[PDB]
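Using the hints, position chains B and A' with the ligands against chain A.
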Amino acid sequence: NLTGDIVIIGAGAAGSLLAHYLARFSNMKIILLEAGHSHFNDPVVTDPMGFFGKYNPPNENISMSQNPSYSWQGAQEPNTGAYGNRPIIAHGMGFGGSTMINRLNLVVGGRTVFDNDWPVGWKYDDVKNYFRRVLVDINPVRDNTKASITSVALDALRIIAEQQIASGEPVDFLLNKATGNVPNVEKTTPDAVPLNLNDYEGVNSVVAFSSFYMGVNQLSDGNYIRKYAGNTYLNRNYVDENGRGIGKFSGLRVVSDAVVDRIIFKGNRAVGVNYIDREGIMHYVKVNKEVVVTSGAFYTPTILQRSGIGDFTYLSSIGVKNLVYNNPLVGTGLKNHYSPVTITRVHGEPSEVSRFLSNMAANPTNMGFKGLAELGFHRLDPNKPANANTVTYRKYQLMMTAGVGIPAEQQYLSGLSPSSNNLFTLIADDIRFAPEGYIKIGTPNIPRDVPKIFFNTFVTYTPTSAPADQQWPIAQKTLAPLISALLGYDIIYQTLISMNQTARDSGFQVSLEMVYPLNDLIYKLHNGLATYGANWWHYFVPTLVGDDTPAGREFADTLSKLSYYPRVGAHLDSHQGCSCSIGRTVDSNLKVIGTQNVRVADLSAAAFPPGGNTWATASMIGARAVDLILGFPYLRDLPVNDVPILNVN
Amino acid sequence: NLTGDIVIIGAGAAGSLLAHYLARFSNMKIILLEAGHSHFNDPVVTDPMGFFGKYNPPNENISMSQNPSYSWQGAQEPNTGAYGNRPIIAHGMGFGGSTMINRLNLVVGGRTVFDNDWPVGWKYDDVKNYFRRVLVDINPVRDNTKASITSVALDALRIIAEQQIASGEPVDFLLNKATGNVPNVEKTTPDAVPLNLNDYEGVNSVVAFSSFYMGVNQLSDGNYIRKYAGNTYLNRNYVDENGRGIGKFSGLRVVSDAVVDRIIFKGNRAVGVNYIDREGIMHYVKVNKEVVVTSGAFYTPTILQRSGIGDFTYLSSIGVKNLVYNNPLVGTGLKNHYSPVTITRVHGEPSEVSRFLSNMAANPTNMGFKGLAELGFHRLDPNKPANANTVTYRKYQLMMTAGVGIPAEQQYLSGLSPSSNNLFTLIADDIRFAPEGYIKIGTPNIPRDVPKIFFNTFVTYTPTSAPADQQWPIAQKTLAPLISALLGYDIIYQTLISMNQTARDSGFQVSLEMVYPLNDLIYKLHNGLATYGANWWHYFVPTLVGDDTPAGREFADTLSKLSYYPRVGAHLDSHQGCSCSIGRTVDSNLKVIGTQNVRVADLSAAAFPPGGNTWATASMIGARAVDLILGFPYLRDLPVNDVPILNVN
Amino acid sequence: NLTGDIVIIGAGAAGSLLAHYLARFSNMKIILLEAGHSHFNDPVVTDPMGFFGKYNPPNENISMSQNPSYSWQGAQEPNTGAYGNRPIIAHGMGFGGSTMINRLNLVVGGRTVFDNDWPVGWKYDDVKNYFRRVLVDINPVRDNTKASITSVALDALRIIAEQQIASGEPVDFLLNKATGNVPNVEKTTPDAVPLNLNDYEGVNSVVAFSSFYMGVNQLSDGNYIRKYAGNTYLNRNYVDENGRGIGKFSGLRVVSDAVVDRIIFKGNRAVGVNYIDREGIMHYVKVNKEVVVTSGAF
Ligand SMILES: Cc1cc2nc3c(=O)[nH]c(=O)nc-3n(C[C@H](O)[C@H](O)[C@H](O)COP(=O)(O)OP(=O)(O)OC[C@H]3O[C@@H](n4cnc5c(N)ncnc54)[C@H](O)[C@@H]3O)c2cc1C
Ligand SMILES: Cc1cc2nc3c(=O)[nH]c(=O)nc-3n(C[C@H](O)[C@H](O)[C@H](O)COP(=O)(O)OP(=O)(O)OC[C@H]3O[C@@H](n4cnc5c(N)ncnc54)[C@H](O)[C@@H]3O)c2cc1C
Ligand SMILES: Cc1cc2nc3c(=O)[nH]c(=O)nc-3n(C[C@H](O)[C@H](O)[C@H](O)COP(=O)(O)OP(=O)(O)OC[C@H]3O[C@@H](n4cnc5c(N)ncnc54)[C@H](O)[C@@H]3O)c2cc1C
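Protein sequence lines correspond, in order, to chains A, B and A'. A prime marks a further copy of an entry chain.
The opening residue of the first sequence carries number 54 in the authors' numbering; numbering runs sequentially from there.
The opening residue of the second sequence carries number 54 in the authors' numbering; numbering runs sequentially from there.
The opening residue of the third sequence carries number 54 in the authors' numbering; numbering runs sequentially from there.
Next comes chain A alone, as it looks inside the complex:
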């Protein structure tokens, strides 16, 4: 009963697309099991303002990500590098996966991030068509309400970019080699050409723009809707309430509220998978040809290990009765970003400061994401690729936001009350984040929301009684995240001083200065950078360098004092992935090593995170997997003018 040539686990960001383009482009019987259910008529999801809690009950006013009925609750172990706290990250449960609860921003990643870090047969020129297909299928829209702050910021970054171009340094964070001598920045003219950060040819690596492309749409009424995988690939036009396909998709048979705990094996090939229905009773599903797993970043290692594939020593220590294959790499090598935050306050006359921040309110067409640029490398960064003098990378993503987005305790401590209406927010984050972790299960019975999740982000360095030059490379490798965070702070400071001069030039007689990071510290950091140079981070370890000069010890105190911001004055970005990268757990065909008929086709099978937000990465993976499993480039050849018909239901 309930057989299937291809069995798909989870209707995540790639599961829905895989099921759709697999049922349509073939004639086999396909069955999909998803833990969540459709939310097509849920006002909290469809309305973009539901992210801010416009439909919450009065006595249960919690966020959608913190609701265990919408997402997995992945509580993590205490963090040695984050002052011994236990933050909780979530994965959206339901059709579309984590695209039901995100902030609806799309980035493609770039050209170099796929050209260098990815293995052969996987570069940008092979996934360009899949990326374009995904983007046109989503069909995003830019921001509609334009503000005066954005033009001033654009001209400021333009001035900084032209100064850096005239400088002659090898690489900086406003240098786009593929463009040329002309700075890669948008124009402040009201009739400027809208510059895109997702160009089809990948010519824009680091560049300043005016807006991103939200995953929203405007309806005939005037209401805005949320566009994501669920309402783009698996609407009512294809699957009914009985979970059956119609038309040429009749081979698909999707089952909702179905979580699968284990894949049954015959020793080296899969024969069936079992799930538990809403009755609380178990069920059996028989697999014919292959098994597809789309369980997301944090939870494909668990389903792989619990099913019998993984480190046999630790699995035996846990108590796994049935063992299949032994790799010491299952679940290791996952990556995630981190977003330090800064707050800038404007001082002046009330009218001028009220007019300066015009057109900033949270709107469904932007969700507060005005955005500035995807910045690159710092001039003082020690940890840079060897071939940096040949290509330009992506390291930072500068985005502007209204209000003061900071944890409440830090808001009270710093005094930045949201009642103040003369301040805004800009965020610089790291997309090539260094620190790494691991996931291990604790019980081989059922997939639980809390496995052993060790993630230490900003660790320190303990000097030893060894020669300094012998140990310095180790310290440089270890202290990368703090270096990146402080370089981001310096970049924000340069952008801010350019903002001040440009705003004074543009007729607004106001001044913008940093207040949140205790500007004394930031100004001292800038002075120390200028007076020291490439060896600025040597004083991160005070007794190792042993300068013992008042300037040197004061800089050591400043560096130790400023390390608290990157650790506590931010919130962790939920872009985890790449826990089963190609070569570690799967080959270049996304098939498991040593196994015969199991395939994994989500973000968990990514070699390295992209140079941007990873919405399109998962779907793209699925798209590629569609033609890898079918055997012909059916999906990649389809013309650009073919999008699934969007049904609101």
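Everything labelled a hint here was simulated from the structure, so no lab data went into it.
One or more hints might be untrue.
[What the hints assert, rightly or not] Pair by pair, the computed Cβ-Cβ distance ranges are: (1) B/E489 x A/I527: 50 to 60 Å; (2) A'/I213 x A/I527: 32 to 42 Å; (3) A'/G275 x B/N474: 24 to 34 Å.
We put the CB at the ideal spot given by N, CA and C, even for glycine.
Okay, now just chains B and A' with the ligands, sitting in the frame of chain A:
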């Protein structure tokens, strides 16, 4: 397949006692459920000192209650009173349940709690026999190693109590009505017998002692061992490897790797239970007579909601098929305590302060804490019952530990070194916490670590359009935790200010100061308390009092800033319970209201949180359930000299 | 009752390997009797620091070798050549034999020690594969923390070795003939090639190195474990708590806490062996084809 006359859910503290004492007096089939595995040869759990991290790997040094392979990770919903933090409370996963991961501390809770806060048939004069049986079964041992600060604290508190009892105040925190106006402090003379806090007749409610009691056990070699509930009642001296007992224990069988799904009903009566093993095969165990669900104060309500007992509307919306009985109050009123930490500094010459703080190291007979007393409510607290003037209660719990117990971020912000010996922690645990919460399920497919659990601790008040005379009771009732915490702060300050002169008299030429809570602020708190008398609490809200005196503004600011510390400079102890309290889901005979033959014997059935640790209360509930289901009072009159026996192998 | 084609006495350093590779590579019924029992979940054994007494009770702080519950107590006669004293030597009792209480160091022996002193059919070229099999099965690991003293010592021995080579004497203690004129000493360079004293071809007879190969391993947690015969050849994957093999090793039936005092004979062939169980009562074991004894040196 299996058959069982009486089924007990959860091999925990009360569950194991229930199972052993039920198979002891009869020969009917008994089945005990437990999903983990054996831990009889694990040094971390067998050795009592392994609780503090004796054998933890250096790379993964975490507490045993923070390890997913040892316990469930029941993260709760954000707390609106502490900047939205989500503390995580754990339930043990193994033989003995939560008795495998605790401190083994034994406290009864006095007699007034069961004199006024428990229903008829649950009074102290009826449960004292069960409490004594539990205490003599555990067989604790008193502390042996002695420091030289306990006598100083006892003498200072003796002076304070003498002054207070001679003052003639109506009620205070150092007066006991069951002994007399003579102060009840342990004599510092070396020829004084100790006054235990667990007297069989409950003579002492507020009592000053020297140490606590702990459920460790002694070996022939000299090594100390842990004899937990699953080790005292379910060890190999009574039950074999396979499960079949011999002789009078032949009616007991324990299952392994069994995690339940739901109890199948036949309309109103329990007919069977089910669970899933490692392989993933469900086994139907039919129940003949009764089902006792005592799987914990966090997951018994969960399995009851899956059973179909709770809110019909919510269960129907979520997707629960079978509805058995509707009870809106199921899993409501969850109760737990709270404890803020503080740091005291010692001043003087290094040698004298070093010898002053000597012999203060954790061992299997102190568990780090020294312990002083358990005081009552203060002289200015407006939150008291009517019976306060006729009988004393147990409101606060004071302990002293070595080192510093304080969050690492708080350590950095306060700038107090952990390596320094001269700082010790003076914590005032509150055992009469005001607020309560409830529990709901998220997804009816499989058991999950994180259900919906709500708990708000520091709910602040906001002015509303109403006269102050008709508003003040609301502010009084809303702000109870803050008043209790600040009065505890004042109690600790008084204790230390007396202990200064007491230590000066004792010989040590030292001075002790209250550093971490900003002694300036605590001194201001004491001065304002003494100045404003019974009307001080009106100043928490500055707009309502309507006094524009600069001293009033200063006092209001001092009250406001001092509220920050209890949110972050504290920790929420894992003594949660009272979710299915007597009179809401169960009645005096523990039969669940609505069903036929179902009973709850966990800690969630407590009618009120006792003034202390909660293992003894749960063991008492299980012991009472033994005789309630047996029908004859065998355990109520069992001789004290008849005790179980333990076997290591 | 309790018959067996091959009867093995004691699960010593060779008994466990013999039982494993005999039950797996044949189809006869094999039964093993061992005086000790498994210590797979004993922190004193698994933890390498248990050798220094990190888990001893306060009132019984004695070494693991001096504990009669872990090893035989072979007290010796007074020594005329050692000033009339009676030192006591021990043999580890249990799975793996004396490998439960040793200091976890592995040496192969060399080429000449087997080439000269051993009889025909037993030289190094006949036992090379067995030695390599044993070494790869144990899979030892070198030292991880390097010290400054070792480099200074290495260069000192290098200077002494080159002086002795230039001397021209017949044989000395830094002269490796199989190497040549270049001294057989490791290099003090931080990026030196790790020289091995257990080379597969036996080219290193006398040579200076940087570390041996401990019988330990590093776990995913970070904890170190003791690697020896018991946890290398007779784990839970092959024998259960009932002492029965599983899979292709089902012919094996091991009995723990079984000491055999005598082998019964029919005049020139063995017919059975008898042991005493933990009850303190005797038992009879019948031998079918041969008897194997692995009771150790003493
Ligand atoms: C607050 C927030 C904001 C974000 N903003 C952005 C943004 O602006 N831009 C961006 O690019 N990304 C953003 N993200 C991240 C983005 O939502 C996802 O990380 C991205 O879709 C990649 O993850 P995924 O979809 O592959 O994982 P998912 O597909 O979401 O992984 C979980 C899925 O697997 C299924 N599943 C898992 N285990 C099982 C099982 N055992 N049985 C059955 N089904 C199972 C679940 O049902 C679910 O469908 C944001 C995330 C969060 C939390
Ligand atoms: C960290 C910590 C410290 C503590 N310290 C103290 C102290 O110092 N003093 C004190 O008096 N008390 C202390 N306690 C409390 C003590 O543990 C009490 O026993 C507790 O309050 C009540 O335990 P219980 O009997 O309800 O446990 P139970 O809930 O009965 O034990 C849990 C059992 O239920 C089983 N189980 C749960 N869910 C399922 C399922 N779905 N399927 C199958 N089996 C299941 C588990 O396997 C386990 O065997 C502490 C508790 C904790 C967590
Ligand atoms: C402190 C110490 C450190 C050491 N360090 C090293 C080192 O670094 N390197 C190294 O190579 N060696 C070392 N050794 C020596 C090594 O442990 C052994 O000598 C080596 O394993 C060779 O002995 P064996 O294993 O064959 O003897 P064993 O096999 O240990 O001999 C005793 C075995 O025979 C069994 N047995 C004996 N009589 C009976 C009987 N009547 N009935 C049943 N069973 C019986 C016992 O149960 C036990 O299994 C060390 C020894 C000690 C004591």
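Supplied distance hint 32 to 42 Å, evaluated on CB atoms of A'/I213 and A/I527
34 Å, holds
Note whether the CB distance of A'/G275 and B/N474 lies within 24 to 34 Å or breaks it.
29 Å, holds
I want to verify a distance hint. Is the separation of the beta carbons of B/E489 and A/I527 within 50 to 60 Å?
52 Å, holds
Against the hints set out earlier in the document, no violation occurs for any number.
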